[PDB]
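Below you'll find only one chain, the form solved without the DNA, shown as structure tokens.
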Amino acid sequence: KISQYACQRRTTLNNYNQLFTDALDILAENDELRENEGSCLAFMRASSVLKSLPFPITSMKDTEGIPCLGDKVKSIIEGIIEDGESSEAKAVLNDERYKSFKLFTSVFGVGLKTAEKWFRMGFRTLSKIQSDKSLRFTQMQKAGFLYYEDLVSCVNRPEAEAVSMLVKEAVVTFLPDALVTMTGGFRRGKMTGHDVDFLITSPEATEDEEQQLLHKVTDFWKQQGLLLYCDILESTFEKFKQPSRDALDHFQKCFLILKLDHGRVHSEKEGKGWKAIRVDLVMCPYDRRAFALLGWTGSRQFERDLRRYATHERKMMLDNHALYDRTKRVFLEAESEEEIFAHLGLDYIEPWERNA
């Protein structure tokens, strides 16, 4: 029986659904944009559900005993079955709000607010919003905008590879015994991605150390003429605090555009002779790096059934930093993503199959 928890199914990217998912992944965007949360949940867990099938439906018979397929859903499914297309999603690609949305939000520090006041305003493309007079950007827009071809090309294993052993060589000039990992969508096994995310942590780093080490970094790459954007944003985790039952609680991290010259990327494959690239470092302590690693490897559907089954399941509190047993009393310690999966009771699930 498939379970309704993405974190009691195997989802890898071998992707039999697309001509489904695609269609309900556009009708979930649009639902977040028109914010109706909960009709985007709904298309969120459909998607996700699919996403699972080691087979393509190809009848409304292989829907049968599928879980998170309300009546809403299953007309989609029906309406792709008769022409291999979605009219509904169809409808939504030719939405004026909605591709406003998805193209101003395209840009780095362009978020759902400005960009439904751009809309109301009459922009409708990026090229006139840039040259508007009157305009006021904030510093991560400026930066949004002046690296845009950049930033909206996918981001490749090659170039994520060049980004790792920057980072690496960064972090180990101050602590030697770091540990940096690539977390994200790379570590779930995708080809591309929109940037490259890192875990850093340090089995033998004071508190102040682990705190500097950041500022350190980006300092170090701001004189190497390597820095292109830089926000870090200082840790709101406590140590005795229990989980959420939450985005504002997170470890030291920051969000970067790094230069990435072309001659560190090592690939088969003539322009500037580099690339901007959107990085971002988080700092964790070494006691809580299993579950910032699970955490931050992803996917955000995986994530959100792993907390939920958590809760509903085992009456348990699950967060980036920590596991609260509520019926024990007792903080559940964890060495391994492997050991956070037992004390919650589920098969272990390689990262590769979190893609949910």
Given for the second form:
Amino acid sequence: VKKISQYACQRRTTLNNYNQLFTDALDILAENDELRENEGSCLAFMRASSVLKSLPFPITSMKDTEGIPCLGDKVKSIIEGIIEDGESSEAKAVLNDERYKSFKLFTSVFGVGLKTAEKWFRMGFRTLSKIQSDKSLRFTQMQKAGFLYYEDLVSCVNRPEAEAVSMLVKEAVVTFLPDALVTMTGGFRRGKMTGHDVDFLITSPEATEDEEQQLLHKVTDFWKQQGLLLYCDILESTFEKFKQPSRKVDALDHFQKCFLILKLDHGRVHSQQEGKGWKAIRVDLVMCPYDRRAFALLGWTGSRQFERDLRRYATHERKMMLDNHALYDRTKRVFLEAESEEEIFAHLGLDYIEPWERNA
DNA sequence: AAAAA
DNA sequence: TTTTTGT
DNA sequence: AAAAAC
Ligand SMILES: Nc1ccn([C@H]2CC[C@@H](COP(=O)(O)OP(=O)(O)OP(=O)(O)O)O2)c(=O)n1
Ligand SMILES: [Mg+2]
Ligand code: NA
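Let me have the form deposited with the DNA bound next, following on from the form solved without the DNA.
Complete assembly follows, chain above in first position.
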């Protein structure tokens, strides 16, 4: 009987999606607008898809869309077409578009984003084999790893694999920092069965500034000694307790982090042919100062749409500024502290949304 | 593309 | 109508 | 560099 909010942070979105026919089409249309750099149309299709994912029933008529926010005329035409014959002519045209197909294929490589994919398409490349064998192209260390471990990285990480990775991370971390708190974040924290990677947040209540800085180096050196580190990139912290973010679009937070590819031996997975006996897994580790742990956990849990709307709600409804490191109140002119995610939600005047309810 | 200012 | 859309 | 990694 209540009104569905336009904000994902005011909706409970579990993995039980009753509208996959509509949201799969809307996700394709959004992805195409992202590729065509049409940010506004992209966001409108992402918001429409997100709200339909929150519904406790499937849409079976146009009357069912009444009172649902983020569904304008364009989105309602797409829903009408899917109700008509079970297909989206708009999404079908995108799936057959050469630019869209090439972008999906090229960006599926680790180390290849929008700019490199667009460059290769405009050069006339259409297959990964023709890219890899070209004698004029030069590849980054990230792309070399992306091509070498391609098949493993494109097959998604399942729950037994994520759990096996969690054990490896926790065992390595507590060996060097016994009081450290390790939390698996991302999709797996939200209850997902699969993911493109396994993400972790690491924090320590008693570690020194040096101990905190050295942990990622100690843990990765230990794995390097065991020949388990297939790719490793450690980004030093640029965290400053009172500095403003400076960048209008900063994809990464300022905490110390590492982007890894780990060699996951089959014997460690408690879940068929064996093969090489191991699988390459994308793993991200984030180290944050103990007092920022709630902001970092909230930002790394996701989903991306839940994070966007949290920040949008904070700005437009509360005149607050939120990020992975802090929460600032522009009216009271004070930073708001939090020991848990619950305290962040309470500062924002939001009902607490459980991690498994953040799948917007 | 949709909603707010 | 013009502005905003996370970061 | 730009670009990529969330
Ligand atoms: N544009 C983005 C990308 C990521 N994140 C945050 C929320 C998720 C977290 C981890 O990023 P991903 O690994 O890409 O997210 P995911 O939710 O874990 O999905 P997947 O299960 O595919 O790894 O970082 C975000 O706020 N905004
Ligand atoms: Mg993830
Ligand atoms: Na990529």
